[PDB]
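Peer 1: Letter by letter, the chains look like this.
2 protein chains.
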Amino acid sequence: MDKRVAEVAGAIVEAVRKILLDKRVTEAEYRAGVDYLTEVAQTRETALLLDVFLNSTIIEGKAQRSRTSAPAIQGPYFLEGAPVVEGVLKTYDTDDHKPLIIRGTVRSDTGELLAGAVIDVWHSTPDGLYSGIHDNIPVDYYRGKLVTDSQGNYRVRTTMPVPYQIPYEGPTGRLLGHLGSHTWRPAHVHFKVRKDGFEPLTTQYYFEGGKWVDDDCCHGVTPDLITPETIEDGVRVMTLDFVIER
Amino acid sequence: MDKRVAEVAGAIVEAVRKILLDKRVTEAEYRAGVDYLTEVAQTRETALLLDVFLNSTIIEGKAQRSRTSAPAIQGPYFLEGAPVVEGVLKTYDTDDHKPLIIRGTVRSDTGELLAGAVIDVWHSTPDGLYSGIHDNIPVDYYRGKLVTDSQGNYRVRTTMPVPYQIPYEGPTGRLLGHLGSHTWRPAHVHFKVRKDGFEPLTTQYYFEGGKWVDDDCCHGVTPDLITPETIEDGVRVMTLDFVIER
Ligand SMILES: CCCCCCCCCCCCCCCCCC(=O)OC[C@H](COP(=O)(O)O)OC(=O)CCCCCCCCCCCCCCCCC
Ligand SMILES: CCCCCCCCCCCCCCCCCC(=O)OC[C@H](COP(=O)(O)O)OC(=O)CCCCCCCCCCCCCCCCC
Ligand SMILES: [Fe+3]
Ligand SMILES: [Fe+3]
Ligand SMILES: [Mg+2]
Ligand SMILES: [Mg+2]
Ligand SMILES: [Mg+2]
Ligand SMILES: [Mg+2]
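One line per chain: the protein sequences are A and B, in this order. Be aware that the first sequence starts at 407, since it is given in the numbering used here, and climbs by one per residue. Be aware that the second sequence starts at 407, since it is given in the numbering used here, and climbs by one per residue.
Treat the hints with caution; some may be incorrect.
The list treats identical chains as interchangeable, and a pair is accepted whether it falls inside one copy or across any two copies.
[To be verified] Straight-line distance between alpha carbons at most 20 Å, and here's what the computed SDA-like set of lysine to any residue pairs gives:
(1) 468 to 514
(2) 424 to 413
(3) 598 to 645
(4) 598 to 432
(5) 617 to 635
(6) 504 to 570
(7) 409 to 425
(8) 429 to 418
(9) 429 to 467
(10) 424 to 414
(11) 551 to 524
What the hints contain is simulated information worked out from the structure, not anything from laboratory work.
My request is simple: use the sequences and hints to build the entire structure.
Peer 2: Structure representation (structure tokens):
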């Protein structure tokens, strides 16, 4: 008997039953539903399907219960063991990459600039593929760790990310279809900031004006996480000042 | 956009989010939860897990919305293509089988005895295993089709079933563990009655006094589905009169 598992899991069970009754779900519908979720399970989409309708709500929760630079949903594509960089992120030399630059400061919720903070960054190849997770792509690519200096400053040069769709061929995709939504997410860059003394801050940031920023199939775009459009020497720039609490 | 999928699926999504907020589920809990359900998916327990907390409620629904001999949850172990029998069900000759006898009538909700109704029956080997689904067991065993005669009567001789537990080694088992329930179901026999003119009636029936009839881990035992204890010549007897609607 786990007090909390039994509080939260129970609350859900009790709550879904109600719907099963009120909406008057038939024997034949119930099968159709269960048959669906086994496909979802079969398709290894179990976590995905959850992430879409839920994870975004769970951020809205944490953002209420804490003081930090705006949080965002984490996403499936984070891999630990990213290489530390001065630096520049390792990216492919190819024509279709556009330079992106990321500057800023990591600091405490009490205001003190933190040094030796590790900023873990990952983002999509121009195709929408993440490294080491897609199509024979090296893991040291499009991933890296940034470490704030004596002033709590970090700067990194990298290629631009792109919007990508969650897998659209499966049960989740269509299910969104029936729900009048789509499979597309706006382009974003992934940050996880952890200082050995503080609570981890995981977030992603989008680009003002980018496609899908209005309609994110997951709901996890929020005004703060939209960066203004600023170029320097024809190089898109993100200036992000993180605040981790603790 | 499927009007109903979007009504019922939506209602659930909206309803689970509330819990995620109210109970104040953390980022770290959410993972733990999602991590759980992928195990459930990994363990091919996706349907099971649902059947336990839900399917029993879905009967309570149908039993409200229709006129029939009491319905019951279907269960995973029904296989179509059961052999028609006069008859007797094919069972193993072994010592530990106790004779069980099943008599009765199938009839319409308007009262007319139906003839040529097909009563599909399946039940557990003395071990708790179902045929063709367990341990190299022939499918013509512990399964059969009964066909009501000119009077709408059916009778079949068969071996006794036994209580069995839903798979207890996996994520569902323990999850019930945390919820203060168990893995055990009381002994029951499975009937599906379909006449080519009428709505299928699927139900199972338990034995008065049998273990677990009070505590069914799934909730799907109900007073009607408890048969009284009656022996004839030292042979347990079930007298069941089905009423299919339409
Ligand atoms: C194992 C849990 C996985 C995570 C669950 C997702 C978490 C939150 C989002 C889940 C969305 C709700 C799942 C409902 C899926 C319905 C599929 C469907 O309707 O197929 C359309 C279905 C067939 O089309 P399909 O989408 O290709 O399968 O439409 C039909 O023809 C039948 C009518 C469907 C109406 C059924 C209404 C919902 C009944 C489901 C009962 C079981 C719900 C248990 C889920 C509890 C969630 C905690
Ligand atoms: C894909 C859908 C499959 C069908 C879903 C089942 C349908 C109705 C029954 C579902 C029961 C609810 C599932 C919750 C499972 C919780 C697992 C757990 O707490 O592990 C204990 C977990 C670890 O132990 P474990 O059980 O071995 O994993 O306990 C912990 O240490 C962490 C605290 C757990 C508290 C989390 C509260 C629930 C958060 C889940 C958020 C996602 C819910 C989405 C489900 C929507 C359903 C429609
Ligand atoms: Fe991403
Ligand atoms: Fe059964
Ligand atoms: Mg600076
Ligand atoms: Mg600045
Ligand atoms: Mg008779
Ligand atoms: Mg009689």
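Peer 1: Now tell me if each hint is right for this structure.
Peer 2: Structure-based check of all given hints:
1. Taking the shortest Cα distances, residue 468 and residue 514 sit within 20 Å of each other inside one copy (17 Å), while across copies they are farther apart (57 Å).
2. For the homomeric pair residue 424 and residue 413, the shortest alpha-carbon distances inside one copy (17 Å) and between copies (14 Å) are both at most 20 Å.
3. With identical chains, the CA atoms of residue 598 and residue 645 are at most 20 Å apart within one copy only, with a shortest distance of 15 Å there and 66 Å across copies.
4. Taking the shortest Cα distances, residue 598 and residue 432 sit within 20 Å of each other only across copies (17 Å), while inside one copy they are farther apart (45 Å).
5. Taking identical chains as interchangeable, the C-alpha atoms of residue 617 and residue 635 lie at most 20 Å apart only when both belong to the same chain, with a minimum of 13 Å there against 69 Å between chains.
6. Proximity of residue 504 to residue 570 under the C-alpha cut-off of 20 Å is restricted to the intra-copy arrangement: shortest distance 16 Å within a copy versus 62 Å between copies.
7. Within a single copy, residue 409 and residue 425 get their C-alpha atoms only as close as 25 Å, which misses the 20 Å cut-off; across copies the closest is 16 Å, which meets it.
8. Taking the shortest alpha-carbon separations for residue 429 and residue 418, both the intra-copy value of 16 Å and the inter-copy value of 11 Å come in at or below 20 Å.
9. Taking identical chains as interchangeable, the C-alpha atoms of residue 429 and residue 467 lie at most 20 Å apart only when they sit on different chains, with a minimum of 10 Å there against 28 Å within one chain.
10. In this homomeric assembly, residue 424 and residue 414 come within 20 Å of each other (Cα to Cα) both inside a single copy, at 16 Å, and across copies, at 11 Å.
11. With identical chains, the CA atoms of residue 551 and residue 524 are at most 20 Å apart within one copy only, with a shortest distance of 6 Å there and 68 Å across copies.
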